[PDB]
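K.L.:
Could you put the whole structure together from the sequences, leaning on the hints where they help?
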Amino acid sequence: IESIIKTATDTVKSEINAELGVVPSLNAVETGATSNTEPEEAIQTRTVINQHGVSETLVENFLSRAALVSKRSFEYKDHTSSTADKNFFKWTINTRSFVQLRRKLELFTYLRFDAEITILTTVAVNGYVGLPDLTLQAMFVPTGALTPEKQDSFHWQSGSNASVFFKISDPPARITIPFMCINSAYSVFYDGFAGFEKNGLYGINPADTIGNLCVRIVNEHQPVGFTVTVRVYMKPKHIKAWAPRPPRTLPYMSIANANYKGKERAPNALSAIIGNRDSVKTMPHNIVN
Amino acid sequence: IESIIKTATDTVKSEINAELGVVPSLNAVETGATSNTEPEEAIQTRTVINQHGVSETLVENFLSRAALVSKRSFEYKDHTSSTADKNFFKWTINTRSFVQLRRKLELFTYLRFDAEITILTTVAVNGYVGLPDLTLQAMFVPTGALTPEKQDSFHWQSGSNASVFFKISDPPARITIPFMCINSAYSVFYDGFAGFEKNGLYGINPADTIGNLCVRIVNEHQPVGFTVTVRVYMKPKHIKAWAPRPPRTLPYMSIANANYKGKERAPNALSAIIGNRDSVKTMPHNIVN
Amino acid sequence: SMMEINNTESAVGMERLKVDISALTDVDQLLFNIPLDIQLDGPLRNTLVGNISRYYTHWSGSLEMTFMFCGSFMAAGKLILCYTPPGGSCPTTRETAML
Amino acid sequence: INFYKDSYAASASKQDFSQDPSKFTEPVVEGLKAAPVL
Amino acid sequence: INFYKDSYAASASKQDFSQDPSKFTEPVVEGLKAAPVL
Amino acid sequence: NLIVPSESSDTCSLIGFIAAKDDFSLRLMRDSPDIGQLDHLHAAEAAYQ
Amino acid sequence: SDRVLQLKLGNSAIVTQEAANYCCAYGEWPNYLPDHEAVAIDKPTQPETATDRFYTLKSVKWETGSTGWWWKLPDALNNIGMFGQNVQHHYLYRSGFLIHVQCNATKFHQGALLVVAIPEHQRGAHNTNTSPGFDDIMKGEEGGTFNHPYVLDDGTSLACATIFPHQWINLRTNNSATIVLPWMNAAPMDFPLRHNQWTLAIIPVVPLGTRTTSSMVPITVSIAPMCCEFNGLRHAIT
Amino acid sequence: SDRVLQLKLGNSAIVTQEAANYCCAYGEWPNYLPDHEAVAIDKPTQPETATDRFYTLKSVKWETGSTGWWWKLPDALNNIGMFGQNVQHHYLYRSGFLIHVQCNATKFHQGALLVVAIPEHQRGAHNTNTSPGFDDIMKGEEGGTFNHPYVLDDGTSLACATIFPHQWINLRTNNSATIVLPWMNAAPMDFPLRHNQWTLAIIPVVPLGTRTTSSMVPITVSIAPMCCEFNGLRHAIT
Amino acid sequence: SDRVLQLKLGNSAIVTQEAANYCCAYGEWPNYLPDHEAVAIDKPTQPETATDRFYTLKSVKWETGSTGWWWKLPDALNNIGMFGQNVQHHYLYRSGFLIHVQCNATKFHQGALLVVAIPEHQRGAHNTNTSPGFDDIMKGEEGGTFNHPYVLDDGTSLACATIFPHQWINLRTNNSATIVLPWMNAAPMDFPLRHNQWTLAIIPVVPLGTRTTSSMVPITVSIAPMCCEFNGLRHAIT
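Residue numbers (PDB author numbering), protein chains in the order written: chain X, 1 to 83, 86 to 129, 135 to 296; chain R, 1 to 83, 86 to 129, 135 to 296; chain W, 51 to 149; chain U, 29 to 62, 64 to 67; chain P, 29 to 62, 64 to 67; chain Y, 199 to 247; chain F, 10 to 247; chain A, 10 to 247; chain Z, 10 to 247.
FYI, nobody ran anything at the bench for these hints, they're computed from the structure.
Hints are all accurate, no fakes.
Here are the simulated DSBU-like pairs of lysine-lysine, each with C-alpha atoms no more than 30 Å apart in a straight line:
1. R/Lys242 with U/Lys42
2. Y/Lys219 with U/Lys61
3. U/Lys61 with F/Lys116
4. W/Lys128 with Y/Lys219
5. P/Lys51 with X/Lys106
6. R/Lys92 with X/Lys174
7. Z/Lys70 with Z/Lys148
8. U/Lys42 with R/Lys247
9. X/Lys92 with R/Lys71
10. F/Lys116 with F/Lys70
11. R/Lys77 with X/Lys77
12. R/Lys6 with R/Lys247
13. P/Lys42 with X/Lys71
14. X/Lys242 with X/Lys71
15. F/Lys116 with Z/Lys70
16. U/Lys51 with R/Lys242
17. R/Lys92 with R/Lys205
18. R/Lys13 with W/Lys128
19. R/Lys242 with X/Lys92
20. R/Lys71 with R/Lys88
21. X/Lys205 with A/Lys67
22. R/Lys88 with R/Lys242
23. W/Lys128 with R/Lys288
24. X/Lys77 with R/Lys88
25. X/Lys174 with X/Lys71
P.N.:
Put into structure tokens, the structure is as follows:
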């Protein structure tokens with residue numbers, strides 16, 4: 001039954017029980033139900049007025065954290081004879099590349115959220136003169152649409168695309184991307200194939216991809232070269248979450264799939280998730296006095 | 001009939017129709033009317049409560065985007081022996099030079115709007136020492152009025168002209184130009200000649216030109232040279248739009264006219280706007296399993 | 051607004067905006083098909099609905115195709131115009147399409 | 029938020045949801061009975 | 029504080045304290061008498 | 199079948215039209231791939247002269 | 010009962026028995042300039058039946074390789090009758106237009122004509138940076154011909170020209186098209202000799218065809234100005 | 010009184026006398042798509058008893074080294090009966106599922122089977138960067154086998170799979186598991202041939218054991234689709 | 010106002026502008042089987058728009074020496090779409106039929122077609138004591154041809170066939186015939202593969218004639234089953 005829960009539940013005092021027909025510590029796991037045995041029914045308890053809040057484990061709190069989603073270092077220089087991000091990069095936006103955010107989102111099957119995007123930019127002089140206050144353009148391009156192929160390309164005029172101009176000196180750039188799936192929730196996992204033929208990608212519904220982030224330096228190249236690193240942070244907000252999942256246990260291999268190998272030995276090995284102890288009778292951190 | 005439309009229309013369920021005299025799928029294109037055939041009248045439908053918003057295709061949303069209208073790079077240096087923008091430029095303001103904004107505005111015959119102008123300024127050292140925090144003057148001069156001919160000219164004292172002083176370090180300069188046409192709307196297209204004789208320009212009503220933007224660097228020249236690039240962004244707002252038009256299909260040639268050539272082959276060629284397929288029976292991206 | 055259904059070589063300019071129909075001597079024949087891909091280049095792209103929609107990424111709702119026969123008064127005929135929901139290949143025989 | 033003395037200085041006005049598509053889709057005066066038009 | 033015209037621009041919404049753990053802990057229709066389930 | 203007179207044209211023409219209905223909606227505004235430039239347009243420099 | 014139509018203006022009348030429910034451009038009807046929109050303070054002359062009447066242009070021949078025809082308004086009428094005389098003697102004019110386009114053929118003919126009124130049809134030139142000159146644009150009563158009707162001689166498209174006020178003459182269906190135009194301008198009045206509010210375009214989308222013995226099939230344009238006002242009286246320009 | 014259970018759907022019925030209080034996934038029951046959630050505007054076909062009925066799959070043999078079995082829905086049913094025919098003739102489908110899993114043995118046998126319905130069971134491949142292909146995922150009526158049931162073939166864990174709708178067949182206790190599945194998708198309807206909403210997983214957590222003379226102990230899966238709707242009628246894909 | 014007709018069933022629609030006031034056979038309309046007439050006790054499947062929709066048969070060529078064409082119902086439809094799939098998977102069926110027959114030609118063509126729905130058209134063979142076999146009767150979608158249309162291939166008469174539900178396609182007058190058929194059987198339901206309730210007969214009473222240059226003049230049959238019910242679900246017969 002649905003109810004408003006702001007604090008953990010109280011304990012009532014309980015007394016001696018000796019009743020035929022009533023076995024609250026016995027259960028049937030086979031039904032799929034978790035045991036309903038209360039502590040009052042298992043031991044003799046006191047009255048506890050529990051005032052412990054539950055708000056930090058709200059799904060909103062658990063997922064409205066700015067987490068790193070993209071980190072691109074690129075050279076800011078004259079690029080006449082390079083082979086590589088020539089004063090700009092494109093990034094197909096995904097939540098799969100950095101495993102702390104990925105595992106948290108993969109606790110759920112479906113997520114609906116707005117995405118507050120924060121763009122941190124840092125500069126280093128190539129191996135000193137000072138750090139320039141460069142202007143950057145981050146342009147949101149939808150998935151599969153035409154992205155710029157040059158720093159100076161006329162695609163950056165951005166007639167309808169959202170673009171954000173921002174410094175290095177100023178506070179990171181910040182915008183909110185709305186929940187933009189064509190469905191009512193993103194599919195965190197997708198047991199299916201994106202195309203009507205059979206060559207399409209498994210596990211990737213492109214309905215859940217936000218877009219392309221096209222980031223350039225607006226400035227013409229300086230006579231010396233710089234290395235510019237752009238960090239992108241996503242914070243989900245106004246979150247609804249459905250159908251919780253077993254957490255990822257083995258290390259991630261790819262951003263494209265749930266493929267697994269495991270570590271060489273326990274912990275988090277394919278044959279052994281938990282590290283070993285000597286026997287089932289061995290107490291690993293036994294207090295000995 | 002005029003009505004307030006916030007969402008796309010619902011669908012009502014429909015049943016079998018077999019009525020003499022009533023042919024809702026038949027139409028007469030010759031009258032110039034678009035077909036009034038409802039899906040309820042063509043197929044057997046369900047009831048759909050449609051909650052899809054229409055607000056992103058409001059003309060205000062469709063056109064209140066900051067779009068690039070001007071991009072001038074000029075040298076900031078001692079100009080005693082140059083031939086070229088000598089620490090300042092004049093720009094006759096127009097919406098015709100950057101084709102993403104131009105095509106959107108040319109969806110309409112008449113536009114009435116205020117213009118929020120944003121001025122982005124970037125500096126590069128000529129081919135390193137650091138980037139200077141230069142002060143710029145953008146002065147609005149009406150069309151045909153006296154513009155400065157020097158960086159140091161006494162025209163820049165700006166006794167009645169609106170001028171904006173702004174840094175490179177600070178957030179781009181931003182002002183709003185009001186709707187300033189002598190008519191109640193700008194003429195996006197003008198089937199006429201501006202003068203009372205016959206040498207005048209076709210297609211250009213000067214009543215629709217905002218003015219001249221006169222942009223200098225206020226600073227005296229440094230001992231080294233810099234290249235300064237000024238980007239101007241216009242966002243129309245409080246927009247009224249009249250008489251929609253066929254979109255531009257061929258590439259633009261000039262900012263002065265609607266002259267056309269088309270690409271060499273399809274797509275967007277003079278003899279072929281849409282790219283070719285093999286036959287009218289050829290399905291170009293046919294699903295084959 | 052007009053679809054460019056005859057988007058073929060040997061079709062020049064305004065010829066692309068009409069589909070020629072001839073008398074046949076075999077029954078149940080295919081005359082033309084029309085891809086419904088607005089995003090790639092097809093007969094729907096340079097339409098009012100096509101051009102405005104390509105300023106957007108997402109779309110929903112019903113379309114309508116209207117076909118005006120421009121033969122003589124004395125010309126007679128019947129056509130079947132079929133929409134096939136996606137999943138398979140485009141129907142090439144009349145007995146498949148009008149399912 | 030708008031602390032300027034001129035009204036054109038205001039932010040964009042995105043609340044006009046009035047539409048009349050019949051001036052483009054049906055610019056005849058005989059409203060067509062949805064029945065043959067001719 | 030939220031001076032934007034789009035509601036998704038708002039700060040995070042951390043006040044939904046409604047819970048229904050029985051859709052995960054007791055997804056049967058015979059509510060189990062706390064008495065043997067079987 | 200198309201069945202015509204000897205004196206009518208034996209080949210006839212269809213014109214196809216498309217419109218959206220009023221249940222139609224569009225979403226997520228983007229730059230149109232139907233227009234582009236690789237250069238400045240003609241006489242765009244004369245706006246600076 | 011929408012196939013037959015009589016249009017009576019002044020001393021002029023037109024009957025057709027194969028119309029197809031006339032177009033009122035943007036659902037509007039021509040009116041005189043109201044006091045709350047007026048600019049010119051002199052009392053205008055409103056000649057009414059002397060000018061608001063059908064003027065028939067020179068017919069053009071519809072042939073196999075015809076690309077189309079255009080007439081600019083008020084330029085096509087600026088030398089005709091009392092309309093032309095009022096235009097020449099006044100700095101300012103204002104009117105609507107009733108356009109009737111006529112084309113009949115036999116029941117064995119086929120052909121489709123797009124009859125579209127294009128507001129501010131600013132023409133482009135093909136394959137040059139030079140803007141169209143005065144003689145390219147201002148053809149008078151004779152009108153012009155489309156160079157590239159597929160792009161409407163302005164780099165856009167014929168296929169999307171149905172966004173403009175239009176009708177069709179499908180020879181199987183109807184023999185006439187009627188378009189009622191309001192005043193369509195950014196200014197309440199305009200100088201008639203240097204600006205054209207409307208362009209009547211008539212474009213062969215399906216070409217003329219028959220296997221009967223051929224006849225000249227002409228296309229005839231009758232245009233009635235509506236609610237003519239004129240301001241700024243002086244000598245004639247001519 | 011929760012050990013015995015009869016399930017009647019269409020012309021099909023199943024009795025068991027060793028159930029253990031059936032699972033309704035997330036406390037939900039299958040329903041038809043309501044009008045305020047619908048997208049496809051065509052009137053759907055709701056075949057009811059022709060499709061909403063128990064279909065029994067091929068039984069699998071429970072052996073000593075069995076790793077487990079999986080079937081994907083609706084893929085396992087897409088070639089069976091009138092459900093399969095409606096799936097092939099329609100772009101869109103929607104249904105819930107009633108899953109009944111049967112496994113009996115003697116009172117001298119032991120064994121525990123985890124019978125879990127996994128929504129969006131996106132499979133991983135072992136020890137490669139290459140995503141699973143079409144033939145790895147889409148097994149049809151036969152279903153597949155777990156490669157690594159301890160990590161549920163997706164790098165997570167069997168041990169936490171009880172977060173999903175599940176029952177157990179503990180051979181000492183019960184001989185059947187029943188799971189009622191609602192529609193579980195981000196979209197109200199879906200194309201049946203390229204997406205699988207649910208994966209029925211049946212996993213040997215305690216292996217089969219006895220010291221009696223052995224018998225084949227099979228595990229039998231009966232699945233009834235529930236509240237079947239189909240939209241977008243056309244020819245069959247096959 | 011009885012010359013034009015639109016028929017909308019399911020996702021199918023048919024327009025004609027030369028109808029002639031459709032026939033409702035014996036003044037009846039198709040209905041579902043009511044409870045006070047039902048026999049089979051299982052709950053029937055009523056697929057509605059999946060089966061109650063126009064199916065177009067293969068067109069036949071109308072030529073100078075054509076004797077006529079016949080199709081038997083439900084036999085002509087028993088392999089088509091979801092109707093055919095429901096027929097194959099069910100012992101029992103019941104439906105009405107909406108028949109639309111199309112034949113156009115020029116205003117210089119002449120010809121009269123008798124379009125008649127014959128209930129229980131038990132065929133005779135000519136000049137033998139042997140009854141017609143299975144392959145003579147059961148032609149499927151292709152239908153058959155009259156051997157002796159003057160006696161309706163059963164020793165009776167074409168001339169009295171207007172006692173049956175019928176229309177005429179007189180090429181001068183109309184280009185289409187529409188006949189609505191109710192369930193017409195001694196039993197409330199029937200096994201679809203061994204019995205044909207109705208035979209659509211299309212018979213050249215006045216042959217095709219013109220002195221224009223000839224065209225293929227085909228005759229096209231579209232048939233919508235109406236109020237389809239199916240009982241006795243099992244595997245497909247095929």
